[PDB]
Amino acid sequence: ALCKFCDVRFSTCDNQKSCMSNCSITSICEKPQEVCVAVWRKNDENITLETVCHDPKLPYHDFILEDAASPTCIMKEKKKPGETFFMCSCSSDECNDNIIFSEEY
């Protein structure tokens, strides 16, 4: 897989139906089973977007990437203290470059 892989970066993505990662690093994931991941987090000081490759047989942020087979990165909210946290994974080229905050489409 080819994925955006900037780790955790500041983001201005907020209150939008979709956002671009604005990550300038597209990497070949080390292992063929890895998929793309995006994690959007907002606290009272800032917003970040994390982009990585990850093996979906392993948990990430204490969750299983149950959506790894999806070609698109559909953000879904997770329960975490002191912040708003959304995550998605996907398995098409650079798919974590475009994060979608809804299932409506």
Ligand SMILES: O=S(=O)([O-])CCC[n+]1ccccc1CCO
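Residues that one form lacks are left out of the comparison. Residue numbers count along the first chain shown, from 1. Think of the rigid core as the biggest set of C-alphas that the two forms share within 1.5 Å after superposition. What changes on going to the form solved in complex with the named molecule:
- If you fit the rigid core between these two forms, you'll see the Cα of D14 move by less than 2 angstroms.
- Once both forms are overlaid on the rigid core, the distance between the two CA positions of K42 between these two forms is under 2 angstroms.
- Comparing the forms between these two forms on their rigid core, the Cα displacement of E83 reaches 2 Å or more.
- Once the rigid core is aligned, the segment that moves between these two forms, defined as three or more consecutive common residues whose C-alpha shifts all reach 2 Å, runs 80-84 and is the only one.
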Given for the second form:
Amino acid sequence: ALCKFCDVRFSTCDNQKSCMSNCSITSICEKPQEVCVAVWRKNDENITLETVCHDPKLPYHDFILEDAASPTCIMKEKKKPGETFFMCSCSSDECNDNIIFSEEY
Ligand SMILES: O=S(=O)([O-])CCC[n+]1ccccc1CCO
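For comparison with the form solved without the named molecule, kindly provide the form solved in complex with the named molecule.
Shown next: the complete complex, the earlier chain at its head.
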């Protein structure tokens, strides 16, 4: 359990099949059950990328990390009232550093 852990940073990730995190912090997750998470958001002022460790038995941003067992971080759209974002989780080393915006691969 070893993840990029910069929390929410500005990003230029847009209109590409995959993105790097460009996060310089790689952390040992505090608890062994934790997985890596990436969250991509765009509003009319900026794009951000959030990278953390998170326990997948706990919701994150009001969603369950159903993909926690995956070695790769495959972005999927999350829609709630007021906000749409993209999120993925994964459980291989620094896997939230290689963020894939496709299911084609
Ligand atoms: O802002 S949007 O509504 O179009 C969602 C964009 C989703 N997204 C984010 C970042 C990189 C790539 C993609 C899609 C693949 O090109």
